[PDB]
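Novice: Below, each chain spelled out in residue letters.
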Amino acid sequence: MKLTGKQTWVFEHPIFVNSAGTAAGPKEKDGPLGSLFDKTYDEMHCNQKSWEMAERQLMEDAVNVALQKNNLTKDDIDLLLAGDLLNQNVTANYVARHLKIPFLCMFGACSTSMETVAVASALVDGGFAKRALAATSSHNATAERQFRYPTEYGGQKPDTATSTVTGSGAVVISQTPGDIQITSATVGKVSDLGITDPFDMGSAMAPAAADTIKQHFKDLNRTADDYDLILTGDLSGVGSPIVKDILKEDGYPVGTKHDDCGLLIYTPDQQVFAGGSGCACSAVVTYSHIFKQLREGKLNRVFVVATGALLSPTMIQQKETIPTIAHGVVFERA
Amino acid sequence: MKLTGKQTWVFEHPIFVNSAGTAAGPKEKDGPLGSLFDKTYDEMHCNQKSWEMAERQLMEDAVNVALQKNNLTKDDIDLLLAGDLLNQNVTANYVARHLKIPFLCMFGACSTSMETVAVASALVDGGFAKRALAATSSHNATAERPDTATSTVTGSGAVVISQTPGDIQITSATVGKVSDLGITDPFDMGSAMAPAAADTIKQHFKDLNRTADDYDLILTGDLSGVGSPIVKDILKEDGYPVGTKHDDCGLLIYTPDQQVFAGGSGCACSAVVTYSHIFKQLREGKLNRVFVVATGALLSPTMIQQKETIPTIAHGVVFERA
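Residue numbers (this note's numbering), protein chains in the order written: chain S, 1 to 334; chain B, 1 to 322.
If you are wondering where the hints come from, they were derived from the structure by calculation, not from laboratory data. No false leads were slipped in.
Straight-line C-alpha distance at most 30 Å; calculated DSS-like pairs for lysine-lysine:
| # | chain 1 | residue 1 | chain 2 | residue 2 |
| --- | --- | --- | --- | --- |
| 1 | S | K189 | B | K69 |
| 2 | S | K214 | B | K130 |
| 3 | B | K100 | S | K319 |
| 4 | S | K2 | B | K69 |
| 5 | S | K214 | B | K74 |
| 6 | B | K100 | S | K189 |
| 7 | B | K2 | S | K6 |
| 8 | S | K69 | B | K177 |
| 9 | S | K189 | B | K2 |
| 10 | B | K100 | S | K218 |
| 11 | S | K49 | B | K177 |
| 12 | B | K74 | S | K2 |
| 13 | S | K39 | B | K177 |
| 14 | S | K214 | B | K100 |
| 15 | S | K6 | B | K100 |
| 16 | S | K100 | B | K236 |
| 17 | S | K130 | B | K130 |
| 18 | B | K49 | S | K189 |
| 19 | S | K218 | B | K130 |
| 20 | S | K74 | B | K2 |
| 21 | B | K69 | S | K6 |
| 22 | B | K74 | S | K6 |
| 23 | B | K130 | S | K2 |
| 24 | B | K202 | S | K100 |
| 25 | S | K49 | B | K307 |
| 26 | B | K177 | S | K130 |
| 27 | B | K6 | S | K74 |
| 28 | B | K100 | S | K257 |
Work out the full structure: start from the sequences and follow the hints.
Specialist: Below you can see the structure in the form of structure tokens.
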């Protein structure tokens with residue numbers, strides 16, 4: 001079987017990333033990775049009438065640029081796996097309306113990034129799709145109309161807070177040889193240690209990432225030594241240290257091989273509090289900077305773990321806790 | 001390859017439904033299928049403090065009853081594929097927190113029913129999971145937050161899928177694509193989803209070189225009173241008449257006396273009707289090959305506020321009396 005261990009998929013047929021596209025907003029463009037994005041904007045509106053339309057334009061760009069690079073058209077794709085953090089997945093659904101590609105709407109909060117890639121890889125390895133397209137997007141303002149710090153009460157947004165990344169990433173997956181190769185994926189399970197504070201996501205998601213990372217090592221009988229980098233989605237300032245401790249306390253120290261996209265996307269000068277977040281966070285950083293590091297040879301085997309928080313206002317209203325999840329995928333220099 | 005045609009998956013290894021569980025609310029319990037549900041309630045609250053907790057209890061029931069029937073425990077499951085129509089998928093996420101089974105949150109409006117089952121079948125056939133659990137739920141109250149309107153079904157259905165022999169067998173699935181003819185009226189879903197169902201049904205026939213004659217029944221999710229006639233016309237106008245082999249869950253779940261307008265709707269609509277009544281018909285032999293097509297409308301208030309249209313989609317799965 002392809003299922004190895006408890007939660008890990010090891011693909012039999014070689015699965016590769018044929019092309020990757022990324023688009024990002026102004027704050028991203030001016031960040032330390034801004035020059036690596038395929039498309040950028042100076043205005044959050046992205047030349048659109050509304051925030052929702054902006055996020056859509058971001059995904060449109062990532063998808064088209066990805067298809068363009070591999071000299072492909074929407075008709076060369078068999079499956080489309082996408083999802084966004086805004087309810088009903090408006091972004092993906094409307095973009096899918098345009099692509100007219102058999103659509104499988106995914107959603108795992110800010111872990112959608114790797115969810116879509118993991119299942120897409122499995123469907124291409126299982127022979128259900130010759131070519132698959134996995135995409136995700138996020139917009140600072142759209143996510144703000146859904147949830148925001150109630151300033152009207154005079155309090156101040158805590159340092160534990162984070163800032164949603166404005167951008168989108170898309171990737172093309174198939175059995176056709178490429179520079180980057182997807183070798184395994186670990187599907188995570190829901191974790192809930194009891195966190196209730198909706199403003200400290202880092203500490204809430206840390207356990208989920210550690211769980212998935214730990215189960216992944218055990219499933220493949222591997223350790224941190226088997227990777228050049230263990231990249232986490234958006235644990236940011238608060239969660240990064242916490243995940244490194246839990247891993248160490250579990251006998252699987254990640255040491256200095258760990259890093260987080262939310263810490264790489266921006267610079268501590270762009271007033272982004274703890275660090276970056278959002279579905280687009282892990283996606284834009286991986287599809288541009290970590291794919292590149294891998295192509296250039298600066299890296300060989302990386303483990304990307306997108307983390308997500310499944311918390312709604314109505315639930316926190318009923319004294320419920322904040323469940324979290326983490327999904328991981330292993331990328332390697334072909 | 002397993003991919004046949006444009007959008008259809010034909011599984012190589014035999015995939016079966018080992019067990020199915022369903023739970024429903026009062027209006028369902030008193031309907032013409034009420035006696036077939038595993039668990040029912042007389043109060044929409046389902047002995048819970050809030051509507052959200054009620055829906056959760058509904059999914060808990062369906063999952064446990066399904067696991068109970070096949071003498072299984074949450075630890076016997078490798079993958080959990082569920083989704084609900086309320087934003088952020090609160091129901092599935094919290095239920096998943098309890099099952100602690102590797103979770104893949106799905107969402108395709110009222111088509112989630114078949115989406116979860118189709119991808120679950122593919123992951124079990126591809127060898128990524130020995131046992132998969134697909135579930136969906138819907139609650140009339142959480143859903144709200146003329147003669148064209150519909151009424152959300154209160155209930156939940158769950159199924160267990162694996163390569164271990166069972167009474168019902170899943171032989172193929174057709175993944176649908178987004179359709180948008182231009183409907184903008186958020187109160188006539190039947191006419192908005194009809195095209196999506198017709199498209200998926202048509203592509204499915206062409207992919208497998210089949211016709212309506214190859215099925216004893218073509219079941220649609222919740223086209224209801226308005227969409228059912230429309231889908232039959234489009235199919236006829238396309239050279240693929242479904243004739244009298246068509247029926248809709250929203251027309252079977254309730255009786256035109258329970259004041260449910262056009263008919264039933266919601267993720268739970270197609271699920272509870274299929275996992276109880278149509279699985280049973282198949283076990284008893286009253287049916288042999290059925291094609292279930294769950295349809296969904298992807299419309300939000302904020303989008304309709306910007307003069308946008310209503311995109312829809314339909315996913316189908318072929319269940320066969322093994």
